[PDB]
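Protein chains: 6
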Amino acid sequence: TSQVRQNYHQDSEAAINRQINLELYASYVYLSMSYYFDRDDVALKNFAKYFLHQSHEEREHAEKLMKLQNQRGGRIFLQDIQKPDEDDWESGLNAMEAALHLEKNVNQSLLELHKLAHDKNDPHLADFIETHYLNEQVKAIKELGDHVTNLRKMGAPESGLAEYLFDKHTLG
Amino acid sequence: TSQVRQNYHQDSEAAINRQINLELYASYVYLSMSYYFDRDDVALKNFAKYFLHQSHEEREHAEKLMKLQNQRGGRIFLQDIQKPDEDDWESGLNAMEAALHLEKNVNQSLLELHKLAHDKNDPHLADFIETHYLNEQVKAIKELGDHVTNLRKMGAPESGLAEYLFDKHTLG
Amino acid sequence: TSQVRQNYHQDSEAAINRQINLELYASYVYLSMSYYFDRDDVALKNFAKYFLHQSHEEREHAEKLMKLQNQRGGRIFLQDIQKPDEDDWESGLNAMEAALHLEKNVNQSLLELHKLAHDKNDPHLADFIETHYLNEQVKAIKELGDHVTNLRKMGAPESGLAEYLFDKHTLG
Amino acid sequence: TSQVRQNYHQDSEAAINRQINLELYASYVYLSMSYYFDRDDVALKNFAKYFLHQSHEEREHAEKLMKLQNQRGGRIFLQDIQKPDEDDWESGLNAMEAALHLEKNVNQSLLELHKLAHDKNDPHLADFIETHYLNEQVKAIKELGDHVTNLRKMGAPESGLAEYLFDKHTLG
Amino acid sequence: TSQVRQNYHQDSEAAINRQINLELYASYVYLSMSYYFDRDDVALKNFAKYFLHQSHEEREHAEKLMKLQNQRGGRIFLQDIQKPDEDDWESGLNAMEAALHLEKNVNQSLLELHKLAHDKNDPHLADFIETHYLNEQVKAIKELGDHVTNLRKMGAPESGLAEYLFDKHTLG
Amino acid sequence: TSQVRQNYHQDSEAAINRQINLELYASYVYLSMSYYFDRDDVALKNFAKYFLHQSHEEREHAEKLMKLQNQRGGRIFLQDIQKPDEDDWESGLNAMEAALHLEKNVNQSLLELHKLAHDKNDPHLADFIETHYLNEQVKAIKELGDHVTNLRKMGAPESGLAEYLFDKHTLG
Ligand code: NA
Ligand code: NA
Ligand code: NI
Ligand code: NI
Ligand code: NI
Ligand code: NI
Ligand code: NI
Ligand code: NI
Ligand code: NI
Ligand code: NI
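Residue numbers (the entry's author numbering), protein chains in the order written: chain B, 5 to 176; chain C, 5 to 176; chain X, 5 to 176; chain W, 5 to 176; chain G, 5 to 176; chain U, 5 to 176.
Isolated chain B (complex conformation):
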C-alpha cells in the first residue's frame, strides 16, 4: 500500500491501466493512418499531418493517464500495444469512419470508467475524466462526424478529386 493512496480502489487502477493501453492502441492506429496517407500511391499530406497530430494527442492522453495513476498511489502495468486491424485504409472517408468508430469506443470506455469511479465514490478521478477527456472526446467525435459528412457530400471515395479538395481546403 502506497503512502499517498487514499480512496483509490484496485478496480479503478485496473481500469486506468486498461484505458492507458486503449489510448496507446488509438495512438498506434492514428500513426498507422498517418503513414498510410504518406504512401506514394496515396499522396495526401494534410491527412497524414492530421492523423499524426491525433496520434500525438492520444500519446498525451496516455501520458496524462499514467501521471494520474502515479498520483493516486496506483501502480502502472503496461501491456503489448496491438497493431491496427488494417494495414491499407482504402481511402480517406474509410479512415475517417474508422477514426470515428475508435473515438466512439474510447468514449464508451471512458464513460464506463467514470461510472465505475462514481460507484467507487471517487469524485477526484470522476471530475478528472470529466474535465480532461469527456469534452475532448465529444469535440473529436463531432469534428470527425463533420468531416465524414463533408466527404460524403462531395463524392468520396468515388471521386478522388473530392478527397484532394478536402485535403487542400479543409485539412490544409
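Because the hints were derived from the structure by calculation, they are not lab data.
One or more of the hints may lead you astray.
Which copy? The list can't say, so a pair holds if one copy fits it or any two copies do.
Heads up, simulated DSS-like pairs for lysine-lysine below, C-alpha to C-alpha not over 25 Å straight-line [as the list claims (entries may be wrong)]:
1) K53 to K124
2) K87 to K124
3) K53 to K119
4) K146 to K53
5) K172 to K87
6) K49 to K124
7) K143 to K124
8) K87 to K119
9) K172 to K124
10) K53 to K87
11) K143 to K119
12) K172 to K146
13) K108 to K53
14) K87 to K157
15) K87 to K68
16) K119 to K49
17) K71 to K172
18) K124 to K157
19) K119 to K172
Position chains C, X, W, G and U with the ligands against the provided structure of chain B, taking the given hints into account.
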C-alpha cells in the same frame, strides 16, 4: 512495383520494417523507464524527463525510417510493439545499463542493415543510415557509458544519495 | 598529371563528364517543358515556374559537378547538349511522367557512378554523390510521383479543369 | 494560326528561333570560358565569376526571347546547342577577344533581325530589340574592348603577372 | 574491452592513433612555416597568419580524431611529435609546395584508413572520415595548388616583389 | 648578425629556444591530461576543458616566446616535442599534482632564464619575463595548490564522489 522504386531490394525493405519495429520497441522501453522513475517510491523527475526525451527521439527515428521507406518505393508493414521485458527497473544505474544494452543492440542492427545495403549496392540508404543514425547512436552510447561510469563512481545503487545527486547535478 | 590529382581514376573522370552532360540534357528538357507550358494555347504559369526552377537546379548540379571535377585534378570535356526528344509535351501529366522518367534515369546513372567510385576505392566522390545528389534525386522522384498520382486522381489529362486546379492549388 | 498572332511574319518567327539558339550557344561558350578559368593550372576566379555572369545574362536573353516569341503568337522550335569550338582558351586575353568576336557576331545577327522586322513593318519587335538588346550589346562590346585594351597595355599574355593583376584589380 | 566498444577493430584503433600523430606532425610543420615567415629577414605576415590558421586547423583535426577515438571505445596512445625536416623554408613558393606535399600525404593516409575501415565493415568511421576530412583535404589541396600556380605565374621565387604582392593581395 | 640584434647574447637565444621547447612539452602534457579525462571510464568533462585551456595557454606562451625571439634578432631552432612520461594519469588529484610539478619546473626554468638575462645586462627580456610570465606562473601554481588542497580535503582519490563534486562545483 512502385513507380518510384529504383535500386531498392525487398530484403532492404524487410530490414527497414524490422528496424522500424526495433525503434518502436526502444521508444516503448524508454517510456516505461520514464514512467517507472515517475513513481512515488522512486521520485526521480530528471531521469523521467531524460527517458521521455529518449523515447521521443526513438519516435522521431521511427518516423524518419517510415518516411524513408515511403520515399524508396517500399511499403510499410507494422507489427506488434512488444512490452519491455521488465516493469520494475530496480534503480537508476540498472536503467542506465539497460538503456546502454538496448542502444548497443540497435547499433548492431543498424550496422547489419548498412552491411546489407552495401551488399545490395544501395549507396543512398547506406549514407542515410551513416549520417542520420550511426553518429547519433555512437553519441548516445558514449553518453550512457559516461552516465554509468559516473553512477558507479558515486556509490549507486547502494547509495540513494548518489542517485539523488546525479539526478540533481547531472540530469538536472 | 595534375599536381592535385590523388586517387582519381580516368574512368571516374569520364563518368563525371558524362554525368555533367546528362545534367545539362536534363536542364535543357526542363527548360523545354517550362517554355512549352508558357505557350498561349497551354497557359499554365505555375508549371512553367516549377520546370524553370528544376532546370536551374539541374544547372546547379552541373556546375557543382564541374567544380568537383576541377577539384579532383580531372579535366572537363564538354559535348553537344542534345535537344529534348519532344517539342510538344501533350499535357501536364505527360510532362510530369517524362520528368519522372528522366529523374529515374539520372538516378540510375548516379548509382552506376557511385558503384564505379566504390570499385575505384574513391570514398571522397562516393560520399559526395551520396550527400549532394542521392537524397536530392530521391526527394525529386518522390515529389514527381506524388504529383503524377494527384494528377491521375483528378481526371487529367481528360479534364483540363483538373490540370488548372493542380496548377492553382498545388504548384501555386 | 494563333488567336493572338497579329502582324507577325513566319520569317520573323524563324529569325527569333535562330537568335534564341544563338543566345544559347553564347551562354554555352561563356560557361565553357568560366569553367576553363576554374582549372587548377589556370587559377583565375574573377574571370570565372565574370564569364558565369555573362552566361547567366545570355540565359536571361534567351528566356526573354522565348517569352517574346510566346507573346507574338509564334511557336518555339529549339535545336541542338553546339559546343564551343575550343576547349582550352589559352589565356585571358584570348578569351576576352573570343568573347568580343562572339558579341560582335550576336550584334550583327540582332541588326539583321531588326532590319528584317523593319522590312516586315513590325515596330513592336523592332523597338523590343532596340531597347532590350541593342544598347546592352553595345555596352558589352565596349566593355570587352576596354578589357582587351587594358590586357594588351599590361603585357598579357606574355606576362602572367599582368593577368593576375587584371583579375585582382579590374575583375575583382 | 570497453563497454561502449562495438564493431571497432584494433587495427582501426592503431590507424586512428597514427593519423592523430600525423595531424600533430602536420600542425607542427605548419607552425614552423608560420614562424619562419615571421623572421625579420623574411617579413611576410600574411603567410605567417595563414600557416598559423592551418596549424590550428590541424590541431582541431587531431582533437576531433581523439574525440572519435574516445567515442568508439578505443584507447589513445600518443607518441613523439617529430620536428619538421626543414628549419629554413627558402621562400614562399617552396613552403606552399611543401604544404601541398604534406596535404597529399595526409590525404593518402586518410584514404588508406577509409579503405581499412571499409574492409573492417565500419560504416560509422567511414562516413566520419568522408564528411569531416575528405572534402576538407580536397579543398585544401585545391587551394594550395591554386596558390602554387599563382606564385609560379608571377615570378616567384626569383621575384621577391611577386611574393610581396601575393602576400598583400591574395593572403591579405 | 641580424640588423635588429642589439644587446642580445647567444646564450639568451639558446635559453629562449629551450624555454620554447619546454612550453611545447607543457602544452603536450596538458593536452594528454585533457584527453585522458575524456576517456569513457574516466568521464570528467570539466577537467578536460580546464586542461585543454591550460594547453592553449602554454601554446600562447610558446607563440609569444617565438615572437620575442624574432623581435630580438635571434633565430628560432625547434626540436622534438617529447611525449608525456605517463599515458594514464591515475585520477584527478594525481593529474593536479603532476601539473603543479610541471608548473614549478617551468617557473624554475623562467627564474634561471631571468637570472641569465640579468647577468647579460638585458633589461628588456628581464622585464618581459617579469610581466608576461612570472606573475602568470605564480597565479597558476597558487591555483593548482588550492585545487590540490581542496581535492585532499574531500577524500580524493579514494572517493570518486569527491572528484565528481570537484568537477561539478569547482571546475564547472
Ligand atoms: Na557517406
Ligand atoms: Na620590471
Ligand atoms: Ni485519447
Ligand atoms: Ni533510435
Ligand atoms: Ni564495398
Ligand atoms: Ni540534376
Ligand atoms: Ni545575349
Ligand atoms: Ni524605314
Ligand atoms: Ni588535418
Ligand atoms: Ni606556459
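Hint check:
Taking CA atoms no more than 25 Å apart as the test, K53 paired with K124 passes in neither setting, with 40 Å inside one copy and 33 Å between copies. When the C-alpha separation of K87 and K124 is checked against a cutoff of 25 Å, the pair qualifies neither within a copy, at 33 Å, nor between copies, at 30 Å. For a Cα distance limit of 25 Å, the shortest separation of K53 from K119 qualifies neither inside one copy, at 34 Å, nor across copies, at 33 Å. Proximity of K146 and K53 under a CA criterion of 25 Å is satisfied in both settings, with 19 Å inside one chain copy and 18 Å between copies.
In this assembly of identical chains, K172 and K87 lie within 25 Å of each other by CA distance neither inside one copy nor across copies; the values are 29 Å within and 37 Å between. When the C-alpha separation of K49 and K124 is checked against a cutoff of 25 Å, the pair qualifies neither within a copy, at 45 Å, nor between copies, at 31 Å. In this assembly of identical chains, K143 and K124 lie within 25 Å of each other by CA distance solely across copies; the values are 21 Å between and 27 Å within a copy. With identical chains, the CA atoms of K87 and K119 are never at most 25 Å apart, being 29 Å at best within one copy and 29 Å at best between copies.
Taking identical chains as interchangeable, the C-alpha atoms of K172 and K124 are never at most 25 Å apart, the minima being 48 Å within one chain and 39 Å between chains. In this assembly of identical chains, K53 and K87 lie within 25 Å of each other by CA distance solely inside one copy; the values are 20 Å within and 27 Å between copies. Taking identical chains as interchangeable, the C-alpha atoms of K143 and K119 lie at most 25 Å apart whether they share a chain (21 Å) or sit on different chains (24 Å). For the homomeric pair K172 and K146, the shortest alpha-carbon distances inside one copy (21 Å) and between copies (19 Å) are both at most 25 Å.
For the identical chains of this complex, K108 and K53 are intra-copy neighbours only, at 22 Å inside a copy versus 28 Å across copies, given an alpha-carbon limit of 25 Å. Proximity of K87 and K157 under a CA criterion of 25 Å is satisfied in neither setting, with 32 Å inside one chain copy and 29 Å between copies. Proximity of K87 and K68 under a CA criterion of 25 Å is satisfied in both settings, with 22 Å inside one chain copy and 19 Å between copies. Proximity of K119 and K49 under a CA criterion of 25 Å is satisfied in neither setting, with 40 Å inside one chain copy and 33 Å between copies.
For a Cα distance limit of 25 Å, the shortest separation of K71 from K172 across copies, 21 Å, qualifies, whereas the shortest one inside one copy, 37 Å, does not. Proximity of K124 to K157 under the C-alpha cut-off of 25 Å is found in neither arrangement, the shortest distances being 45 Å within a copy and 34 Å between copies. Taking the closest pair of Cα atoms, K119 and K172 never come within 25 Å of each other, the shortest separation being 41 Å inside a single copy and 41 Å across copies.
Checked against the numbered hints above, the structure violates hints 1, 2, 3, 5, 6, 8, 9, 14, 16, 18, 19; every other hint is satisfied.
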